[PDB]
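Below are the chains, spelled out letter by letter.
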Amino acid sequence: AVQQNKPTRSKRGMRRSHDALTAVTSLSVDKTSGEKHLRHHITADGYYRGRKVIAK
Amino acid sequence: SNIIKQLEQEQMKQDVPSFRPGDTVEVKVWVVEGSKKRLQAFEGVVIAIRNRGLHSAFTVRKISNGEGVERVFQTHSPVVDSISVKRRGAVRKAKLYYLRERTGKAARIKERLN
Amino acid sequence: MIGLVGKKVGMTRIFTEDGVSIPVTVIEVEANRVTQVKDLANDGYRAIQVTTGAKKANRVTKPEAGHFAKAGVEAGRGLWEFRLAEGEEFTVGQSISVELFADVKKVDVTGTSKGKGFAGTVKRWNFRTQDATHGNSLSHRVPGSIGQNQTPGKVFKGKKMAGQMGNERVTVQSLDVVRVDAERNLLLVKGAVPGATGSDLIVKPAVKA
Amino acid sequence: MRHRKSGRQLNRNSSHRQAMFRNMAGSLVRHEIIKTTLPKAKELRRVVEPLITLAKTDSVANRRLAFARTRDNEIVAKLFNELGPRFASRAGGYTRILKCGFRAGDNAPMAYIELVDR
RNA sequence: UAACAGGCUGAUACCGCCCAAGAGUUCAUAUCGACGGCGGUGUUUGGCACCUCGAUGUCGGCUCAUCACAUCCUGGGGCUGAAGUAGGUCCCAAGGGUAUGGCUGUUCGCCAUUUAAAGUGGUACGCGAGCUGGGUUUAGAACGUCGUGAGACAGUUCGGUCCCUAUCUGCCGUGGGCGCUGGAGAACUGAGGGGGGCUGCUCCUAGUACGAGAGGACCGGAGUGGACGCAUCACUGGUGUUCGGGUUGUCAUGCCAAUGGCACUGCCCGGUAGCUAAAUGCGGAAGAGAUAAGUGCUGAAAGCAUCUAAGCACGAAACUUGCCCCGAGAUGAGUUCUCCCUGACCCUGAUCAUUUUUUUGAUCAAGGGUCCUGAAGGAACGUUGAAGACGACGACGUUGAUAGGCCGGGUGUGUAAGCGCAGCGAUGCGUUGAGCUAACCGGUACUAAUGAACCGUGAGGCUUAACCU
RNA sequence: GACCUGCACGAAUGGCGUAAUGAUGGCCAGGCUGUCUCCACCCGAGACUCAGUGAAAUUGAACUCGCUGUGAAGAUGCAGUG
RNA sequence: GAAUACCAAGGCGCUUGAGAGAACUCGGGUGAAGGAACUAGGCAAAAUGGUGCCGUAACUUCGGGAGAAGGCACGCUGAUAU
RNA sequence: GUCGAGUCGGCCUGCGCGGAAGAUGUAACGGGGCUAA
RNA sequence: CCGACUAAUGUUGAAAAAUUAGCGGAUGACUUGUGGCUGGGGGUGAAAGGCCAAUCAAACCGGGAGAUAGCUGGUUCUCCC
RNA sequence: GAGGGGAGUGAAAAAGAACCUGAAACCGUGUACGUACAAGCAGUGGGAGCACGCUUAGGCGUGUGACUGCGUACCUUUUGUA
Ligand SMILES: [Mg+2]
Ligand SMILES: [Mg+2]
Ligand SMILES: [Mg+2]
Ligand SMILES: [Mg+2]
Ligand SMILES: [Mg+2]
Ligand SMILES: [Mg+2]
Ligand SMILES: [Mg+2]
Ligand SMILES: [Mg+2]
Ligand SMILES: [Mg+2]
Ligand SMILES: [Mg+2]
Ligand SMILES: [Mg+2]
Ligand SMILES: [Mg+2]
Ligand SMILES: [Mg+2]
Ligand SMILES: [Mg+2]
Ligand SMILES: [Mg+2]
Ligand SMILES: [Mg+2]
Ligand SMILES: [Mg+2]
Ligand SMILES: [Mg+2]
Ligand SMILES: [Mg+2]
Ligand SMILES: [Mg+2]
Ligand SMILES: [Mg+2]
Ligand SMILES: [Mg+2]
Ligand SMILES: [Mg+2]
Ligand SMILES: [Mg+2]
Ligand SMILES: [Mg+2]
Ligand SMILES: [Mg+2]
Ligand SMILES: [Mg+2]
Ligand SMILES: [Mg+2]
Ligand SMILES: [Mg+2]
Ligand SMILES: [Mg+2]
Ligand SMILES: [Mg+2]
Ligand SMILES: [Mg+2]
Ligand SMILES: [Mg+2]
Ligand SMILES: [Mg+2]
Ligand SMILES: [Mg+2]
Ligand SMILES: [Mg+2]
Ligand SMILES: [Mg+2]
Ligand SMILES: [Mg+2]
Ligand SMILES: [Mg+2]
Ligand SMILES: [Mg+2]
Ligand SMILES: [Mg+2]
Ligand SMILES: [Mg+2]
Ligand SMILES: [Mg+2]
Ligand SMILES: [Mg+2]
Ligand SMILES: [Mg+2]
Ligand SMILES: [Mg+2]
Ligand SMILES: [Mg+2]
Ligand SMILES: [Mg+2]
Ligand SMILES: [Mg+2]
Ligand SMILES: [Mg+2]
Ligand SMILES: [Mg+2]
Ligand SMILES: [Mg+2]
Ligand SMILES: [Mg+2]
Ligand SMILES: [Mg+2]
Ligand SMILES: [Mg+2]
Ligand SMILES: [Mg+2]
Ligand SMILES: [Mg+2]
Ligand SMILES: [Mg+2]
Ligand SMILES: [Mg+2]
Ligand SMILES: [Mg+2]
Ligand SMILES: [Mg+2]
Ligand SMILES: [Mg+2]
Ligand SMILES: [Mg+2]
Ligand SMILES: [Mg+2]
Ligand SMILES: [Mg+2]
Ligand SMILES: [Mg+2]
Ligand SMILES: [Mg+2]
Ligand SMILES: [Mg+2]
Ligand SMILES: [Mg+2]
Ligand SMILES: [Mg+2]
Ligand SMILES: [Mg+2]
Numbered sequence: 001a002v003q004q005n006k007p008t009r010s011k012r013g014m015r016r017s018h019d020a021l022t023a024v025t026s027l028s029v030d031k032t033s034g035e036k037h038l039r040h041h042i043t044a045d046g047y048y049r050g051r052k053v054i055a056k
Numbered sequence: 057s058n059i060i061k062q063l064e065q066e067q068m069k070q071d072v073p074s075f076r077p078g079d080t081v082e083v084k085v086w087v088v089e090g091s092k093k094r095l096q097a098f099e100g101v102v103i104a105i106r107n108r109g110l111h112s113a114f115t116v117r118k119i120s121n122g123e124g125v126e127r128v129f130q131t132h133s134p135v136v137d138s139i140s141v142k143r144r145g146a147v148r149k150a151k152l153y154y155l156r157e158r159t160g161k162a163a164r165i166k167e168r169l170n
Numbered sequence: 171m172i173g174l175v176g177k178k179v180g181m182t183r184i185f186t187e188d189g190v191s192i193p194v195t196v197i198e199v200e201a202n203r204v205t206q207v208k209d210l211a212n213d214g215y216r217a218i219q220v221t222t223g224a225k226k227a228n229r230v231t232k233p234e235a236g237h238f239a240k241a242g243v244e245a246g247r248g249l250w251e252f253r254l255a256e257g258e259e260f261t262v263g264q265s266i267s268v269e270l271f272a273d274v275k276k277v278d279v280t281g282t283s284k285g286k287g288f289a290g291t292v293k294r295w296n297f298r299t300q301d302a303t304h305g306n307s308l309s310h311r312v313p314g315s316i317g318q319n320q321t322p323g324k325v326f327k328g329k330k331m332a333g334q335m336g337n338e339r340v341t342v343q344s345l346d347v348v349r350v351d352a353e354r355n356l357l358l359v360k361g362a363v364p365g366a367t368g369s370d371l372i373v374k375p376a377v378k379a
Numbered sequence: 380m381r382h383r384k385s386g387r388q389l390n391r392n393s394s395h396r397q398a399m400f401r402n403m404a405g406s407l408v409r410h411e412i413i414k415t416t417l418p419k420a421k422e423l424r425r426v427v428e429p430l431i432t433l434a435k436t437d438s439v440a441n442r443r444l445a446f447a448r449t450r451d452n453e454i455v456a457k458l459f460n461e462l463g464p465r466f467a468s469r470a471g472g473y474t475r476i477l478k479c480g481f482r483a484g485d486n487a488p489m490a491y492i493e494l495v496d497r
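For the record, the sequence lines run as chains S, H, U and W.
The first sequence begins at 1 in our numbering and counts up by one.
The second sequence begins at 57 in our numbering and counts up by one.
The third sequence begins at 171 in our numbering and counts up by one.
The fourth sequence begins at 380 in our numbering and counts up by one.
Check the hints yourself; a few may be wrong.
Claimed, not checked - Listed next, the in silico DSSO-like pairs over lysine-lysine satisfying Cα-Cα at most 30 Å (straight line):
1) U:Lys360 - H:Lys93
2) H:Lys92 - U:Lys360
3) U:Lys225 - U:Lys374
4) W:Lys384 - W:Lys419
5) S:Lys36 - W:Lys414
6) U:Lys225 - U:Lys284
7) H:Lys142 - H:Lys166
8) H:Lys61 - U:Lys329
9) H:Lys84 - H:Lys149
10) H:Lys61 - U:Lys225
11) U:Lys286 - W:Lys421
12) W:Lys457 - S:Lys52
13) U:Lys226 - H:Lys61
14) H:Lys69 - H:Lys84
15) H:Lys142 - H:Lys92
16) S:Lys56 - W:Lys414
17) W:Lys419 - U:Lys286
18) H:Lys69 - H:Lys151
For the record, the hints were derived by calculation from the structure and aren't laboratory data.
Using the sequences plus the hints, can you model the full thing?
Written out as structure tokens, the structure reads:
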């Protein structure tokens, strides 16, 4: 099964109208290290909710 | 749930004797033939027991008048008037379905001396 | 006649003296609190809206809380409406309990049926399977034809095909009332009713009678 | 439908899952902290925590049950000699899962799983 | 320019009607209808060659249908050569229903045995980008037959590759957007749409009515079934590679003992939750309205007669409701309850109060941008669910039982390991219904559900009318 | 298995038999079964979601509905209408 | 047994992964009652399956047919026999 | 024998009536509607 | 080891003929390595018009060659009669 | 690193080696207008509104195009083709 007519650039765009990515609404700030992180994830420096969970 | 366990507890028989698969039991059941209600005995080996509270059941197998018959009794049903163990059998499985393929000497169950 | 909102506790059995086992659904019907009375002048129809159960306070929004407070009634877990018959009158804040069914022989029970997700035509519509063997190529549970030819040149509306099954309102009609237990807030009806254990049920006197 | 069912298939067969989680419980006991995918860490709780509960009661039979699972006598010894005593007064929840972003190779959600008193 | 299907046609076919010889004891018209006549359908056999030969796959089966009514059953009715029972024939009626097998590629047909009945047609003789491929219709081979022969035969015989990941329409489901005129959380109304609609047998009425008897009802009531449908898992069961056990071969954990891996889950026996049918609850209706054929009342035209012209009453599974489900994108965007927001402004305009057509202050806006503000609620994130492809929907986030774990229980398996005793030993016995036990039940903050942040605003157009001042 | 009415068998383009043999053609029975009545559940690989890579046939142009009719005679595109 | 199962020496996990646990397809496991009713046709599936011994019909070219068919035993320990 | 104004059944003709059943959907005025439109 | 009877899959394949479960021969008219010979109206064929380099009722390459094509397609700016 | 921004050379680097000119298909970013109750060769005739701009201050120019009449591509071949 294959198209009988070439779909337009218009139809292509209409289809892609749902493809836009969603940005993270807000980053969280660690209460101790003050660095930004994904909510409920640890920070880049190994902090979670003020606690130095992971070292090195 | 506590509600349903209460509803079932109020209905359970308090006089059920202990028995095990392989035991020979006699079950007395009410039979109504007209306005006449009488007790009929069904005696055989217990081949299965379902322990499920009010919904507990057990299956009794017998050879009767040349034919093998199984009856799955609902333990707490008022149709069952009394249960009595006639013989303690010694088996190792919970379910004795293999006896369906045995007759006579090959169907014998060793007595449980205890 | 109005009905009551309950909860599907589960099923069990009642053994009678003559050796019948009655399969029963146990329905917990706590007191139904009238939260609003609707009348012809203000609403165009006669009905009561009720609530039952309870909801955690921080889960009740200010609009819903104001609605409950106007009735002077503690917040329940939802709101359901029952249409009023001619001789039927109720007051806001009035409590209605399961003794409402004391003399009712049969009830209609409405619940949300269990959800089967995306169902095939075999399960959803009792379509027969094609051959398991005898050369069948990849077409064992598939629907078969879905129409005709050039006439009509389309599939008809309402064609039975695969899709969502269950997770919908269902009513089972004229179930025997086995027992009304006012002290324990319980209604036992003979037989199965829609929905999973713990889900809401709407119980009304049988419409067919 | 999967109503009321428990356990993740994790796109594996049962024997593979069993071996994988034997290995991973061994690793968590050995190192006390490991990084894995989030779903695997959540599944791993259900394997490792009963091992610690078993290790709370030191007996020959319990050590043999721990060995049948784990198949590692170093792991069994650590269980009974250190972790059971460490967790003797803790009613469950001997592990903690810490979400830590996404894997570079495959964007897999990742987490650390660690012993709570590590 | 043929074979398929469409198209045109309708001789032929099928159906209906007109005349009425005659059959029917009598009696054309209960039923049938000679010789002839008139139509309907598109429906058979055909006619034609208009479409397609830069391809419109052609029998039968399977799956899935949908419509017509010339009705097979069930429903209503007139006539009967209708006593009853059961029939005949015609009229109305399309709601629902409407065999399984043996033979054969069959369709068909015949046969067996069912059923209330086993309807007749249209839909590319419905349906091969849905299945099949037995038949027709390639290449092999053979028979009969024809031919000197190559070969040939709607004669037969054995064998003989069925592709397509769906763009559009359509259809089943499910979200996202905006709208509905301030924003928000809920409960609704019901325009409109869909589903459903089948029926047997037994008993009573009653061995009554009818009838010489044999037989044997209407009307009405009761129960219990077949098929179908919806829900559910209490029961009976299936499954149950996540629970327990038995066992073969082998390899390992040093070895014994005990275990693990592999062999289809190695092979098996059981089996929890869930899912489920064969399991068990429930349904089709009653009632109402308007009617069909049909039956009438009163009643003239037409002094009679007449169901009809005026008027009035009955009358069926068809129609409209009643029952179930969807349903306000019903843009005609509806209703009800509740909740929230009561800043400085500038730019500039609109009006006014001041002027000297220009001007000097006040009030207010469907302009605009900044400042302060950020509610109700929402979303997001996290723990999740008998909810789910993803979205969606539901529960919960420390003021917490949402999930995992943990504790107690239940369930299942069936008396663990270790030790002891008996036995030469395999093994048996005791400790012991032991040990282990998933998705179950009751509990429990041990672990993970973080303070925040984000979105959403700041009283909501014009006119007219009814009022309050 | 017979009968003979051989449309149109027949004797080395052999006739009639024939043990054994055949992935050969036909028919019947026991066993066996999800072939079927009539499907249910389960274990795996896809299908579905996320990240990376990344095809194809086809394609006059498309703002690419139903119905009844019309019409190169079987219409999304004509008429009317929903 | 150079079959097969598990291993040694040795060599490998096959150059996308991560989730989820719908329909439907593929490859498999099990199934109440029935048991070829399926279908062109038992297609597919299910089943049989080893060794020793007992026993084995018509027919026959005297070799066969024949593994016809059908049936019994089978593990482990001890003794006979350290 | 009874009532007091017409009665009867042939012909020719204008307009209508029955005869008149089909398949996706009203679907045999292009539609709405029309007793004249 | 040599085959290829049945089915399912695959059919823009993992593959221009395979994979999987089954299947036949398996001391012989067997099977295999290396090399050799037969050449296109010619070869070779336990015979299917089979095979002769994914090509066979007359191989492939080059040439006659722009064969011929009463057939199909296509044939390009403008205006006036 | 790739790649780029400067600096510098040069008449020119928008001649930077992926290098003279640098068309079209095709793909983007920005601005104006239209577009979420609306049915079909997408234009044509009519036509409001909006935005920008114009030497007479007046309408006009450019872009868009609500709503509305009409309207089934092109070639080829044909008796005749949406
Ligand atoms: Mg085309
Ligand atoms: Mg997309
Ligand atoms: Mg569900
Ligand atoms: Mg079937
Ligand atoms: Mg195929
Ligand atoms: Mg298949
Ligand atoms: Mg759960
Ligand atoms: Mg994967
Ligand atoms: Mg294995
Ligand atoms: Mg024709
Ligand atoms: Mg014809
Ligand atoms: Mg002609
Ligand atoms: Mg045609
Ligand atoms: Mg073509
Ligand atoms: Mg009729
Ligand atoms: Mg109808
Ligand atoms: Mg009706
Ligand atoms: Mg038949
Ligand atoms: Mg037969
Ligand atoms: Mg056809
Ligand atoms: Mg048909
Ligand atoms: Mg196909
Ligand atoms: Mg087709
Ligand atoms: Mg031939
Ligand atoms: Mg309907
Ligand atoms: Mg249960
Ligand atoms: Mg069971
Ligand atoms: Mg099992
Ligand atoms: Mg096991
Ligand atoms: Mg050992
Ligand atoms: Mg190994
Ligand atoms: Mg191995
Ligand atoms: Mg009169
Ligand atoms: Mg426990
Ligand atoms: Mg054990
Ligand atoms: Mg001959
Ligand atoms: Mg001769
Ligand atoms: Mg011969
Ligand atoms: Mg991707
Ligand atoms: Mg459109
Ligand atoms: Mg159409
Ligand atoms: Mg048409
Ligand atoms: Mg091998
Ligand atoms: Mg699966
Ligand atoms: Mg399958
Ligand atoms: Mg099997
Ligand atoms: Mg079975
Ligand atoms: Mg069975
Ligand atoms: Mg049998
Ligand atoms: Mg048959
Ligand atoms: Mg059949
Ligand atoms: Mg076979
Ligand atoms: Mg097999
Ligand atoms: Mg019609
Ligand atoms: Mg060969
Ligand atoms: Mg093979
Ligand atoms: Mg052989
Ligand atoms: Mg051999
Ligand atoms: Mg030939
Ligand atoms: Mg070749
Ligand atoms: Mg030649
Ligand atoms: Mg020449
Ligand atoms: Mg030439
Ligand atoms: Mg550089
Ligand atoms: Mg130059
Ligand atoms: Mg250039
Ligand atoms: Mg609009
Ligand atoms: Mg509208
Ligand atoms: Mg037009
Ligand atoms: Mg022509
Ligand atoms: Mg034309």
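Structure-based check of all given hints:
1. U:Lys360 - H:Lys93: holds, 27 Å
2. H:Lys92 - U:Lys360: holds, 29 Å
3. U:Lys225 - U:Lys374: holds, 24 Å
4. W:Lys384 - W:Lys419: This hinted pair holds, its Cα atoms lying about 17 Å apart.
5. S:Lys36 - W:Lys414: holds, 21 Å
6. U:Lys225 - U:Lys284: holds, 24 Å
7. H:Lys142 - H:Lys166: holds, 14 Å
8. H:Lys61 - U:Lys329: violated, 46 Å
9. H:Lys84 - H:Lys149: Holds. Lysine 84 of chain H to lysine 149 of chain H sits at ~26 Å (cutoff 30 Å).
10. H:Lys61 - U:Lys225: OK: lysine 61 of chain H and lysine 225 of chain U at ~26 Å, within 30 Å.
11. U:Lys286 - W:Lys421: holds, 27 Å
12. W:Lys457 - S:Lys52: The given pair, whose Cα atoms are some 26 Å apart, holds under the 30 Å limit.
13. U:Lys226 - H:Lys61: holds, 27 Å
14. H:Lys69 - H:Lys84: holds, 15 Å
15. H:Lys142 - H:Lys92: Between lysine 142 of chain H and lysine 92 of chain H the Cα gap is close to 28 Å, so the pair holds against 30 Å.
16. S:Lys56 - W:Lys414: Distance ~14 Å between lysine 56 of chain S and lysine 414 of chain W Cα, so the pair holds.
17. W:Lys419 - U:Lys286: Within the cut-off at roughly 27 Å; holds.
18. H:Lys69 - H:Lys151: holds, 24 Å
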